[PDB]
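Next come the chains, spelled out residue by residue.
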Amino acid sequence: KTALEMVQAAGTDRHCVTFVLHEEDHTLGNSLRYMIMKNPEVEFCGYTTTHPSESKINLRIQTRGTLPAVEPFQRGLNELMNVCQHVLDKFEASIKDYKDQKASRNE
Amino acid sequence: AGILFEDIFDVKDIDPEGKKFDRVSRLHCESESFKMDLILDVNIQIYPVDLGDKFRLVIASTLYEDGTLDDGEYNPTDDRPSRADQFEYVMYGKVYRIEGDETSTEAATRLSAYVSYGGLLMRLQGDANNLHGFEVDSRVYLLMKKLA
Amino acid sequence: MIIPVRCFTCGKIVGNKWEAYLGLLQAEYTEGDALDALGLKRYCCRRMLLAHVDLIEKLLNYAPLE
Amino acid sequence: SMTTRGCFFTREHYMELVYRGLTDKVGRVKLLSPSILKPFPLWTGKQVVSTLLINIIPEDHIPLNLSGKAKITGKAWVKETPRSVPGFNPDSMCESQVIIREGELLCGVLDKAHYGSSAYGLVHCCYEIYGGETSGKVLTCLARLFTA
Amino acid sequence: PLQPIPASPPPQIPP
Amino acid sequence: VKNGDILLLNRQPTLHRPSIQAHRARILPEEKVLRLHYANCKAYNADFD
Amino acid sequence: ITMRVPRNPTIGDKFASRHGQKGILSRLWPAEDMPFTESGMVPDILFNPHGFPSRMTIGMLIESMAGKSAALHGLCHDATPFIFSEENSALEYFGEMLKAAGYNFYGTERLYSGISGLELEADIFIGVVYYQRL
Amino acid sequence: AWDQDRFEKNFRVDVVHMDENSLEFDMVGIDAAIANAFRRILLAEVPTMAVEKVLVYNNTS
Amino acid sequence: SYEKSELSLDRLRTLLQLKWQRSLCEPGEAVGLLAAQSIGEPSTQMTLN
Amino acid sequence: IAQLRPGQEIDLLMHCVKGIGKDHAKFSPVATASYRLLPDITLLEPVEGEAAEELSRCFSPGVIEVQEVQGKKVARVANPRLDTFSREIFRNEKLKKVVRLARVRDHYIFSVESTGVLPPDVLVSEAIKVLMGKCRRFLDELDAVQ
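Protein chains in written order, with the authors' numbering: chain A, 24 to 130; chain B, 2 to 149; chain C, 1 to 66; chain D, 640 to 787; chain E, 129 to 143; chain F, 542 to 590; chain G, 869 to 1002; chain H, 39 to 99; chain I, 1181 to 1229; chain J, 199 to 344.
Pulled out of the complex, with its shape left as it was, chain A reads as follows:
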């Protein structure tokens, strides 16, 4: 029941390896990537969709130094989720603001 799995490159190890998510689209594989990009230690980061009649993508990550890519990967996940959390907070705040306002307007 895999939902994330990596195949270790022949050329080197743990600064260029490539990931294989499962069950996905151009949503994650095009938000997550943009998020990883900001990180400055990474050399190459790109994605593809191996197969139209399947739903799994391919993630490629390459880094200057000798630290593996697991670190940029994980920090990217974290960055994105904290972003969404803040966005949702501001969203609902603004929602209830304008709702109570609209009620106040017509009373």
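Keep in mind the hints are simulated off the structure, nothing from the lab.
C-beta: ideal position from N, C-alpha, C; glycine also.
It is possible that part of the hints are untrue.
To be verified - Computed beta-carbon distance windows for the label pairs:
id, chain 1, residue 1, chain 2, residue 2, range
1, D, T779, G, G919, 23 to 33 Å
2, J, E243, D, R783, 42 to 52 Å
3, J, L241, B, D51, 15 to 25 Å
Based on the hints, put chains B, C, D, E, F, G, H, I and J in the right spot on chain A.
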């Protein structure tokens, strides 16, 4: 220090063959000190340039003022005193063809430099010794800064 | 045959405007105004009514009525 | 559309195209350097398509030269009349002739000739001197880039 | 003497 | 058959040497119709109609 | 006995316009992907442009612009041959309509990609083309 | 590079109209490849209920 | 000419001669069928008229 | 749903279930969901004289407010948001450079249209929730593999 050439420049006429692109202009410019002649392409979108403008030109083989030739690949985070920080315009380059001298020449006066920066063409001509170091397969970094 | 439920291109619910369509017909609007007042803006939903042709009010006559 | 005198991609776009059109089986992927370097590390499409060669022409050998021609004449985008000046000619330093030198295109479009099936083409000559499989790989990968 | 016909071509131009 | 495999094709009537060209194998579920390169039309005098 | 069978357009079946431009059903492509116009609508049939040089098919162009003009204003437009002289051509009168309606004269309109999210520089041409099954 | 607070200083969500079955709100300050993700998730992911099995007794229409 | 050109007037000769010896058709291929098709294609391509 | 004539009848017994919007198309909770980037109309020249007539007709219904500081109409933008890029400015050889049409970089504008299963607010909230939950899934998986 590796200044392979340097000069000050102001332009005489910008595009003498119509405007037939979107992002480039085909400059025709001349030096005053030495009777060189510069034909160069310059992105006017992200670097507006006019007719009467003056600018100083240099052409380095490395941007380090330690003059060492250590270049693998431009690493974007790095910072240390490079020759760029005084200019306004950078371009990587490659020289691919030098024309003007055919035979065993008794007076090689007119020699030209043909450079194209990844797609923007550049033509400079002049003497045959000032314009030296210019082998084939010879990376240079154009630099430039508009001068009053 | 009978009016389809959800529009083809986008997805709006259009499987109800038909009756009110004939209604605002009897009140004599030029159809442009009728499809306006019925609240349809993007044209890919308007060509779902400006050009439907009903085939059960012309096909029931052969009913095996009793 | 791509390979003509200007189409500027910033970094993330560049890496994107290059990965899309590269039939992931590879391993360690190479790179290039920004053509222009002043404000933001821009690129140019020729730089892009060159990467596909540099990674697709096996590590053993080295890329290759050419100076042939291309279908669109020099006078496809011409305008009325030059500012009457001799010396420069519309004949050389033009965009009608691919001048690939060591696997990095330097001027000129890719027109029908080269990727087309005619004598003296790009996929034409690749096959003669590298083998077959590498020519086929060039064809498929170049097509993928051209769609994406 | 001969007989004429009207000419249709130019139709309603936009509202 | 797997992806490492290859198949053979022919056309009536049989004209020439590129009349039978071999192409690698790859699976694709939602297909009722065969697929081929367009410019390779001159390899089979193809019509596709 | 009289059976009934269902047949739905599968991949590989045919279509056809009203000018011989016979097509075929290539592949299905989820709606989350296709472009979306400025006003949020989503094409449902994509059409390769490489045809019309070497088809002389100008019916498709003029009558697609027509389909849009109609569905916008509300009325049905006539299409009999020999009416529109060289004097007042079809295209000109028939784009004057989209002009006074509010779209671009040449029947094009901007469009956004569906995988990047980025606008596309070169505008796109959209219309409403009658489609017979075969 | 990335920095939370630099961003969070910028983000604001202005609403211009809501009524029943409608909404319109400016998301000024986010990058394309997230807005696209929101639109995709809407048109494809918010689960819903629906009919998927009909049993027939005596259809004579 | 300007003549950077690291190559001698005999490597060139050896090179062209090797390209020749390379370009000869190996034994093995039945040339008769080859000619049969090569006239068969204009036998089919006769149809311009 | 149907239409009958005397003598005919129906008898159904449905069966409802749960699902997502990509497993099928009878699950989209909204009609539309889009975004256009705020257009930004900058007069690279002050437009004047009688241009007002054709400008006001060069654009969307209310954009340029003819303004008469001296009874003489001048133009300025009422709302640059209310336009769809008619681009009907270019057909006049003269007014192709006295204006400028473009986009502000990142000023998206959603617009949601619910069917009625839920009002659009809960929709947006739920969308964000599922994005975040997906990412949590991936992260915790990466954690529990090491």
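Which earlier hints turn out false for this structure, listed by number in ascending order? When the structure is compared with the hints, none of them turns out to be violated.
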